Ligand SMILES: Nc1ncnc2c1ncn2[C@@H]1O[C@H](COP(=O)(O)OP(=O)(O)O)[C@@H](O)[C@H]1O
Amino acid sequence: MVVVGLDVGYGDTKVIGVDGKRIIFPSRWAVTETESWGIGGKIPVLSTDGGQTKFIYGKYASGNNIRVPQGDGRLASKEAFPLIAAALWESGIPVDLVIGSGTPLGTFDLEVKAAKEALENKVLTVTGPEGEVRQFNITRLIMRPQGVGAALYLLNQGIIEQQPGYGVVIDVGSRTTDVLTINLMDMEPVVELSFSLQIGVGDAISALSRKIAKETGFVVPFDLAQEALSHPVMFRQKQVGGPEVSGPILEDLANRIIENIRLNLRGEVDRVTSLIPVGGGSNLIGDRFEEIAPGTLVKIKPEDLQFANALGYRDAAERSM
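May I have the structure for this one chain, in the form deposited without this ligand?
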């Protein structure tokens, strides 16, 4: 059997293919009425209904009937389905499949139930570049709560260890920060100490954009404002942003997440033995979180930040065989 990892974020879609191959693309798609099947290796055009409709996904999906997931791990949504298909296309494998995936703890059982009805024992038939048809018979979906995936990956890599005490996975996304407190005894979530905060990197990016527009007269594209968090960039022949101006914004972002986690954990913070910053937002502010519990910061490679959940979803799926 082929085991794949899948994590359909509202921001990015991550897949770990049969050989461990890591693919990441923006979680967006748009209908195209093209007669073509796009360009293999550059801008694939796919169909899940044999060419009744077609779509482009990822980097090159733009325009203004762009479609995005309305939240993380909504595998049964109609917004996710094209991204699942693109993920399977990108993995490069009628093939029998077990998918390991996940979704936030908050709506775990509902989303799991829905994801199973939408995907389990279904055949996805995807057409792509040169009219090639690939068939994927999803025989089993195995699901873990978001954050648990990351903690399992780190356990399997020897980076953390089962013991008494709590690990706190802080997943800084673009619009949310998903905080998963896991019991290291049994790798099970502590529901009362896990929560989603409605703040993320996007808040900093939007604060920087607003501040640029306010002072300069015109509007940065989102992609450029994100870049401008980490270095100065040019728009309309003006130098704008970089750390001198993005620093206090990023600092406010870290401070608010830290304050909100302190509030939620209260005295249970004394039980924390590992703090585990993941997600793309952790690349910029992740080290600040050590001040929640000094000496507990876990060192995660930058290139694992966005895939740690998917890797662990894949691991969990392999162990159910």
Contents of the next structure:
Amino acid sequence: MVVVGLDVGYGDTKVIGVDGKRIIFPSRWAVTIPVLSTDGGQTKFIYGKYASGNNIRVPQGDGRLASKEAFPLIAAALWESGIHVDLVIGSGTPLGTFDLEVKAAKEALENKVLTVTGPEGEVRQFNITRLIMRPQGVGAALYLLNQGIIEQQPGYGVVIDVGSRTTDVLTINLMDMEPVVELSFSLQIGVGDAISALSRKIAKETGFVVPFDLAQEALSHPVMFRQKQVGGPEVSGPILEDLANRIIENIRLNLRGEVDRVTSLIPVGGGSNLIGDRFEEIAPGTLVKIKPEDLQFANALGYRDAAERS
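Follow the form deposited without this ligand with the form deposited with this ligand bound, if you could.
Coming up is the bare chain, nothing alongside it.
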């Protein structure tokens, strides 16, 4: 058994390979720097950073592995995973739809054989034995439980997963690491919002259209496109505080009175890299320390862990 843990998110796909190497390609694949192929040859796509264009595929849901917008990424994951196989895949999808979405994922990948072709004519064949699935938010909880960054006890943990499109909050009861369904939800407010809050912002003062990835970067660090130096953090406050507040307010709205049973607050996901610390005020000195580099990967890391435990 090779074990991979995989997290195909609207923005980035995240994968954890052999001896826990961390692959991660932007979640986008257009048909035509590897061309790969699930059809043996007939068909062929670029993925990741090197797909630019108009007829460009993307995920239309978080954690939707049975989706036809997802396959070429999964395929592309098992590529960069580094099998020198018989793999188990550990993954997640949000709690709201957790059950349906597990079902499709098993139909589309359990006991099936993804056959795939890259440069200089190379076949690789993964037989997928099983699919372990855990809700998004739980993946990240475990991994931190395994690392001792959190521990079991009385009270409730709140994993706040800042994503690219959605912010995904999962209230978990520490006694038993079981999610509290009624106290668990998804905002449709992510990082893009801060991004576009910026691309938009540029032209409405500067002049041209500032494209995706400079815009992404610009949230955390300054930029240049056409010898034009647009972007930077002291500007970026007025955005990310709103992004942050919107997220925060919306959490008080959902959680309420029940914000008193909260012992740990657990910023996770890529965006906690900008507005993470800002989340203390929901319930202060319940924050839980996590290495910046571990934030986009807490879930995948935990989906794989889960995979081994069985």
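C-alpha atoms forming the largest set that superposes within 1.5 Å between two forms make up the rigid core. Positions refer to the first chain, counted from 1.
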- After superposing the two forms on their rigid core, pick out the one entry in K122, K78, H231, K113 with a CA shift of 2 Å or more between these two forms. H231
- Message: At a 2 Å cut-off on C-alpha positions, does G100 qualify as shifted between these two forms after fitting the rigid core?
- Response: no
